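Just one chain is shown here, as structure tokens, and it is the form deposited in one PDB entry.
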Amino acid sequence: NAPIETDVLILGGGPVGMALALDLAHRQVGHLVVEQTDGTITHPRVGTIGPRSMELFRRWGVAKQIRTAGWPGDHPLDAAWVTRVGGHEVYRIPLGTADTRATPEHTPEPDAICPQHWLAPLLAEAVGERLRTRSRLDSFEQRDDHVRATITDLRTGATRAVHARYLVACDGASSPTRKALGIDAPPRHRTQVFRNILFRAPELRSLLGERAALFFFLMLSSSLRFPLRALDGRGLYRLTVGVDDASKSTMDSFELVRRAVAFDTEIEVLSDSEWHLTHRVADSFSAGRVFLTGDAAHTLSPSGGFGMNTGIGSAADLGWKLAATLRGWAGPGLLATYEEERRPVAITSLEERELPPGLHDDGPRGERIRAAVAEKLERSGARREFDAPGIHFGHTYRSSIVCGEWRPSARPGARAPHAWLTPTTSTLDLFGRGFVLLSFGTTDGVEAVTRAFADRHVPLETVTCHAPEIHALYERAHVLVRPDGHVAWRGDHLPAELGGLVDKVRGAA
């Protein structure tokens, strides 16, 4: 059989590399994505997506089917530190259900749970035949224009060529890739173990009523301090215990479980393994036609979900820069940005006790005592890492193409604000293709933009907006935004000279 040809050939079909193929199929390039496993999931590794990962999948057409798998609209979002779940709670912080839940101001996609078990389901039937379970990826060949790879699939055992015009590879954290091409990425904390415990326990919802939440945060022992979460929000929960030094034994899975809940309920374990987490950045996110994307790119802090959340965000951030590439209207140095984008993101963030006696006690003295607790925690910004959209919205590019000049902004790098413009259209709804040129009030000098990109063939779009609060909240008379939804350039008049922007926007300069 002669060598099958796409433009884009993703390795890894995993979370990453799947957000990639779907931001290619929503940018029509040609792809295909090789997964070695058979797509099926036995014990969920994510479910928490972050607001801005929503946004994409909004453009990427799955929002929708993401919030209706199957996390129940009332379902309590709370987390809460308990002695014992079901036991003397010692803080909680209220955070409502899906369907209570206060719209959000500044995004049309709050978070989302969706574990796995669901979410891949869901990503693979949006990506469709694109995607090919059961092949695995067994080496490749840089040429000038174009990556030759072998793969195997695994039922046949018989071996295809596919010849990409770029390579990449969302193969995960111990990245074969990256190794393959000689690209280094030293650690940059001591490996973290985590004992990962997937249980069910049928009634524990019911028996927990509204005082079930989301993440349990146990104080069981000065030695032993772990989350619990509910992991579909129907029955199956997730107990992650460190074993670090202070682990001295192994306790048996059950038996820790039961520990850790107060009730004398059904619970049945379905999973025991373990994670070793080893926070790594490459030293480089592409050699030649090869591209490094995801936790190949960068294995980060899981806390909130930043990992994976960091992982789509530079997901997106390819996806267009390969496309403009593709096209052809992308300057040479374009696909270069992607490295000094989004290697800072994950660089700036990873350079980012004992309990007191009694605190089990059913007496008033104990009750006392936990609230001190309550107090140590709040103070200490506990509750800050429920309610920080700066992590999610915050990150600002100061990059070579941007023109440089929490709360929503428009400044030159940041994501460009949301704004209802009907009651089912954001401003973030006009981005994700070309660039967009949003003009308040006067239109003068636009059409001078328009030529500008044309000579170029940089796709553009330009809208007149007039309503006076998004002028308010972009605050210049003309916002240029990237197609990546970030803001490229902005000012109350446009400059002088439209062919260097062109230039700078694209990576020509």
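Numbering follows the first chain given and starts at 1. Rigid core (definition): largest C-alpha set, two forms, superposition within 1.5 Å. Compared with the form deposited in another entry:
With the rigid core aligned between these two forms, the listed residues 73, 366, 227, 121 include just one Cα displaced by at least 2 Å, namely that of 366. A movement of the C-alpha atom of residue 347 reaching 2 angstroms or beyond is seen between these two forms when the two forms are aligned on their rigid core.
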Contents of the next structure:
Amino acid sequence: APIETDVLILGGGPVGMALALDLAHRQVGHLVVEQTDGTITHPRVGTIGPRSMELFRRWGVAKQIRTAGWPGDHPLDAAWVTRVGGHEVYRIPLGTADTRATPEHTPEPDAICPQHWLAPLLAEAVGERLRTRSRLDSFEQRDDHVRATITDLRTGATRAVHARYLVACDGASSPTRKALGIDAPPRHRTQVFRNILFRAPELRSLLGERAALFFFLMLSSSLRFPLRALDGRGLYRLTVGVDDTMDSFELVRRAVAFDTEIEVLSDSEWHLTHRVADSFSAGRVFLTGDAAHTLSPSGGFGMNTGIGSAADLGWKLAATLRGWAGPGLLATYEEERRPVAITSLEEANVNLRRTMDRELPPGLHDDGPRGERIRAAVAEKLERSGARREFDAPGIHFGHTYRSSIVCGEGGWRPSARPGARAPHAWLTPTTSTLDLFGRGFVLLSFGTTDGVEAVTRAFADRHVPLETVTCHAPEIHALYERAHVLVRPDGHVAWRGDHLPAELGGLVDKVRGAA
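Form deposited in another entry structure, per the form deposited in one PDB entry context:
We keep it simple here and write out only the one chain, dropping partners and molecules.
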């Protein structure tokens, strides 16, 4: 018989899963179908965003990700070398998990957690709602729901799923997207690389102090990319460029000066694409993650961008499914994220270019200081190239200010409380971040007077819009937020702020919930 759920999530990837996690906290009926059995062959994601960690903090799986296995003492450095274990050109020291100065504008510093340890962790949090070895064969929208056919690759049986909404997180090649006939045109030249995943039990030990998280190699046209430590325990990945031939083990050898054990596990080829979808949805069917926006892996914004996009669609679907959301709300999913996707895409392309552009002087490898200062050349050249930005982008992670139909709009990135932005972090208790008050429904922070808040309470009450009022008394945070009254949304972003509440409250409410 037909399995009927509120939200059918097509795809078990990080984004599709993040969505499930959010929906879970919002008590939304959902089910996730993943064709593969659920395990990672070639781990792609390695770095989890500070903002993605704040969300996981809410969804209660952050502690886990942090302690999933990345060596607390493993360096987080990014070094530029002629050959891993050869002539070092430049290095950005970034301490270690257990050693770096705690963040400040956030309670969750970025974490390292290779996808194969991540996938499991999430699978657990999602629990029973995840259907592995289940493939979506087709779907068809009805007047008020979507019907899909899923094959149980495992028992051979094919059942139907009747969901009220279909969120497609099927990845970059997103068949769903093609089906709906939505195009995701290239915004930058599509490139090709080969990712070689290999084990090397003695490499970190041979490296010693020289150990590092990323090794950007400066050896050739195809071998001028990073070789990164996936689990800081022997697993590495040397990404190499292509031009229409070499041997896997050969390439790794080319890259590693040491003559140590080297076991090649994979040599999967991939395409670097910079493409966002013309539209983010079509009726009761939506796109999320790479399916909606896939950009360059440089600086690792991909999943994180989708996780945010995940969180956005998250509450909005819940609002609609509950009935308090205005009919225009779901539409604002594209209105707000598509732009983010694009600014994130570009910032990535920037990182990419910083490498594609950087040239390699012919006398870079040559030993002996008679052609060694040739390195001190490109050395500062990089310093100047502003390359550390590829590892420090609070702007891309915490920045993004929505400027849309449901927002009462007003150098380096800094925390703001201005409408459309992510309410900034600040400790209410050495154990409680302002960030922790948000996530469920709407929230109204009042730093001074509690005058007129009752009116606001009633206002929301009428339209059945969930609202919570917290009366804060910290002058320090009052300053951070600036205005006396700040209305944060379920997604954690400010929708309105002012020293005086509006007169036509009803109007307000109907605006922020996509009713106006």
